[PDB]
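Letter by letter, the chains look like this.
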Amino acid sequence: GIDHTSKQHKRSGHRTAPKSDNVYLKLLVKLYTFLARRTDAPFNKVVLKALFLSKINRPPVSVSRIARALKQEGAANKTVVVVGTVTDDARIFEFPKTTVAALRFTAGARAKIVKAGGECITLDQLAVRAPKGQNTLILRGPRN
Amino acid sequence: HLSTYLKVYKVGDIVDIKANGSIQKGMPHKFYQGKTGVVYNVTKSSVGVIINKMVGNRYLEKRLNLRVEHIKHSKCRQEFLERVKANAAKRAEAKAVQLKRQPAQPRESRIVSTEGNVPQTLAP
Amino acid sequence: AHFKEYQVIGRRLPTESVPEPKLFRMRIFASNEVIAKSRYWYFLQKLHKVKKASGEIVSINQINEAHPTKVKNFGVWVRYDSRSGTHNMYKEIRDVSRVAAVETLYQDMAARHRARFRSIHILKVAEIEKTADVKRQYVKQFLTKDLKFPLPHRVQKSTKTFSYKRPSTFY
Amino acid sequence: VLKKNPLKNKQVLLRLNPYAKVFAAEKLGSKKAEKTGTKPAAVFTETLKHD
Amino acid sequence: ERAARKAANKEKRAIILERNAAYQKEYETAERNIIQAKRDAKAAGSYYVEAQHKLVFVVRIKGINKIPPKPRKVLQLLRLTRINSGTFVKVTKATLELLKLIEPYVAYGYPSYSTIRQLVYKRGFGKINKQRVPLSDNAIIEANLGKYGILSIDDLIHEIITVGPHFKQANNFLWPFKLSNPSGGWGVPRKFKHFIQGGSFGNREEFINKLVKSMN
RNA sequence: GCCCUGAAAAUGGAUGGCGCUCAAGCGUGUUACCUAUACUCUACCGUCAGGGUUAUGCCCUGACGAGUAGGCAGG
RNA sequence: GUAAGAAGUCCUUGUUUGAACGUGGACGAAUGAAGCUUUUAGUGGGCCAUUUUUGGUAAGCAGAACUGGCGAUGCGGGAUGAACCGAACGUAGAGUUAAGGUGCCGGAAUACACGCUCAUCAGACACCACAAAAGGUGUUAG
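Residue numbers (full-length UniProt numbering), protein chains in the order written: chain A, 2 to 145; chain B, 26 to 121, 126 to 153; chain C, 2 to 172; chain D, 312 to 362; chain E, 29 to 244.
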C-alpha cells in the first residue's frame, strides 16, 4: 500500500474541448491550438480558453461598452475583440471609426460600425492580421 | 500600583489583557484573559484593542475599549526586534552568514582530559 | 547473543560554573555498544541525576580476557527486584571467561527461576585465586586430585534413516 | 528505456564518475596506511582493565 | 558544432574528475585525522569523543493499516509513504522529536559513505518537476541542481553526507528510496520491538548499513 | 522455579488429530529454513497528469488501480 | 492565546509642549506540498475494541470524551470464527519477507546449546482474570 495524499486519478476539469458541434468553431479552436502552442503569446491562450465557454458564460457585449473602452487613454486605435456576440445600442448616438473582431455581429451593430466607417472582422482574419494579439483590446460582457 | 498609569500606549502597540481584581470598573470579557490585541484608537480613560476571534472556522475582528488598568505591554516581539537589529548589523558587516535562526545542532568533537579527574568506577 | 564486556564512561555535560565533571565509569556485559550504552544510562539514572540528553558518553571500549585459555572459578553476585524488596544471590561457575560465566548464568537463571534479562542485575563477577575459597559443592566436585569419569551412554548421531547393525552404546 | 546499474557494467560506471579509472589503477581501497607507534598511557590501560 | 558539444563535455568531465579526486582526499584525510586524534588522546592519557552524527537514514517498517494519525502524518511529512521506503534526514531537535514519535514504525541509523553511494547509484531516482526520473547521466543533475553547484552524482553524494548548505534541496530532489526486504532476512523473529529487546525498530546507529545493503 | 491436590456430573470425544517423556512439553539463547493479492525488478491492460506534433487522433515520460448505498462516463 | 518580516525595518517636514497622515531616499526556525461559486443523491440515535474519567457492589457494571475498525473488505496466520496478529487487491513471471511456524498429517532443522519436569487420564501462551487461601516426607536452585 501507499497511503495516498492527493485523491488519485483527478480529472483537472478545465474544458479541453468545446461541447458545441459547430464545425467552423472547431476550425477556429484547431487554429488557436496551433497558435497558442507555437507563438508564446498569452493572448491566444486567452482566446482559446474563451472559445470553449458556454452561452451563459459568453454574455453579449455592447457598442456602448466598446465606445467606453475606446474612450480610454492611448487606446483609441486598438483592435477591439469580443469572442462572443456584439449587440447594437440605440442609447449612444456617436460611435467611433474603430476596428472590431468577433464571432457573431448583429445586423444593427454591423450596420452602425460600417456607417461610422470601421469594419467587422472574424477571429481568423484577426489571426492573420495580429497573431500575437498586438495592439488588441479584449472585452467581456457582464456575467450576472 | 501607580506604574500602571505612567504607561503611554500608542496606536500600533501590542498588549495582553490581564484584568486585576482590585478595580470593579471595566472588568472585561470573561475569556479575553491572557489574550493579545493591538491598539487602534486611544481616548482618555481608555485604550482601544482589536482581537481576531474565531467563530466556525473564520477569524472575525472584534474591536473593543478597555481601561488602562487591565491591559499590559506585551514582550511578544522582544527577540524579534533584537534579531532584526542584529540582522541589520550582520548585513552591514557582510557588505563590508546565516543570520537566520537554526535549531540545536549536534555538538562537535572534543577532548576530555585526566589531570585530577580520573574516572570513578562504581556499580549498583 | 554471545556477550562481550564493554568499558563505558559518562561525563554529564559541562556547564559554566562546572567545567570538566567527574567521568563515571562502568563495566557492562552485552552483545553490542547500543545495548551497552542503554544499560549505562539505565544504571546512571539510578545512581546519579543524569540523562541521555543531559549527559554524554566519552569512551566506549572493549575488554578482552587477559588469559582466555586459563580455566577459572568465578564467583558472581546477582540481585533482582522480585517479588519482595530486592534480595541477593551468590553463585559459582567454573569457566574460562567472564563472558561465558555470564552467558551460562543468564541461561541457568532463565531455566531454574524463570527470571529474565530485564529482571537481572549483575553486581560483581570475580575470579577466585585460591582453592579452599570455593564454597559450592558442585564446583568443589571438580577440583579433586587426578579426576576421572566415564561417559557410559554414548548415543551416536545417525545421518541415515535405516541401520543394519543393532547399534551399541559403549565406551 | 532500460536502467543499467553501476557497480556492474564498468561502461555505464565510467559514463559517470571518471575518477573510477585512476581509482582502480592506484587501487585506493586496498591502500596501506603510514605506520606509527603511538603507545597508550598507563592510566588508560589501568582504568580500562580495572578500578 | 559537434566538436563544440564534445569540447563542452570534455571540460565538464575534467571538472568532475578533479572534484571527485578532491572529495576522495577530503574523506580519507578526515577519517585518518580522527583516528590519529583518538590515538593522541590515548597516548596523552586523555579521552577523545567524536562529533555527534548529523545525518541519519530512516526506513519504514510497518504497513499502512491501523496507524494512528500523528505518526501517519509525520511519516507523510518525511515521505515514508509505504513499507520499506526510505529517506535521509538531517538531525536536529526538531527532527529528533519526529523520530521519537515514529520510532515504533521505522528503523533508522547513521549511514556510511559506501551505502550512500550504493543507494544513489543503484536506486537513485530524481524529480524533474515530478515523475521520479532515473538519474542515468550527470546532465540531469547539472540541469536542476547546477543552481547549487552540484554538477555530478558524486557532488550530490558529497552535499548529502557532508551535510551542506543545500542538503534540503538535494534530498527533496532525491525521490524516496524504494527498497526490497532483506535477502538474509531481518534476523530477529519478531520485528516490532526495539533493536535492544531483540526487535528491529528504533535506532541502531551502525547496523543500518548492513540492513540497507541487504535490502537494496 | 517445575510437579500432585487445590471439586464436576450425566449419548462416545478430542493440545485440531496422530502421538510425544535427556520430548514432538516448560524457560532461554544461536543459526538455517517455509511462506501472502505485502516489498523489489520486468512486461501487458486501463485511468490520471505532464510534454511534443501540418489530429475527440499519433508519439514520449512517469505515478497509480480495494469497494456496499450511491454518482459520472464509454459501450 | 500571540509572534517568528519586503502589507517589514531606516533617513525626508505641511495639519492637535508634541501625536497622526503624507512627500520622497537605503535594506531572515525545521519538514512536506490554490480560491470561487452552482447543484443533488444515499446516510442522518449501529455494532465491536483500546485508554482518560465520575459514580459503583456479592460479582459483574452504568454514564459521558477522544481514537481505531467492522458495517461496505477480499488475502496469509490463529485447526475453524465480521470486528485478534500481519497486510489492504489490475493481469502474469522471478526473487525477498511479514505475522505464524519447521516429528507425521503439512511446505520447512526428529537442528545446535544450557538447565528443569514423570503427572492413576502432565503440558503444549499466560493474565497475584475464576476456582485461591493454602496444603504435600516429590524435585532443583538460592
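Simulated from the structure, these hints should not be mistaken for lab results.
One thing to keep in mind: the hints can contain errors.
[Unchecked claim] Computed cross-link-like contacts, DSSO-like style, restricted to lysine-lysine with a CA-CA straight-line distance of at most 27 Å:
no.: 1; chain 1: D; residue 1: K346; chain 2: C; residue 2: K47
no.: 2; chain 1: C; residue 1: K38; chain 2: E; residue 2: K66
no.: 3; chain 1: E; residue 1: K158; chain 2: D; residue 2: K315
no.: 4; chain 1: A; residue 1: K11; chain 2: A; residue 2: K46
no.: 5; chain 1: C; residue 1: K47; chain 2: E; residue 2: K128
no.: 6; chain 1: D; residue 1: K332; chain 2: C; residue 2: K23
no.: 7; chain 1: D; residue 1: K346; chain 2: E; residue 2: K70
no.: 8; chain 1: D; residue 1: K332; chain 2: E; residue 2: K66
no.: 9; chain 1: D; residue 1: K343; chain 2: E; residue 2: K34
no.: 10; chain 1: D; residue 1: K315; chain 2: E; residue 2: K70
no.: 11; chain 1: D; residue 1: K332; chain 2: E; residue 2: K34
[Stated by the list, open to error] If you want the ones that stay clear, here's a sample from chain A, every Cβ over 10 Å from chain E, calculated:
no.: 12; residue: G2
no.: 13; residue: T6
no.: 14; residue: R16
no.: 15; residue: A51
no.: 16; residue: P60
no.: 17; residue: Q73
no.: 18; residue: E74
no.: 19; residue: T86
no.: 20; residue: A91
no.: 21; residue: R92
no.: 22; residue: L104
no.: 23; residue: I122
no.: 24; residue: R130
no.: 25; residue: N136
no.: 26; residue: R144
All C-beta atoms, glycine included, are put in the ideal place defined by N, C-alpha and C.
Violated constraints from the hint list, given by number and in increasing order
As far as the earlier hints go, 1, 6, 8, 9, 10, 12, 13 are violated by this structure, in ascending order.
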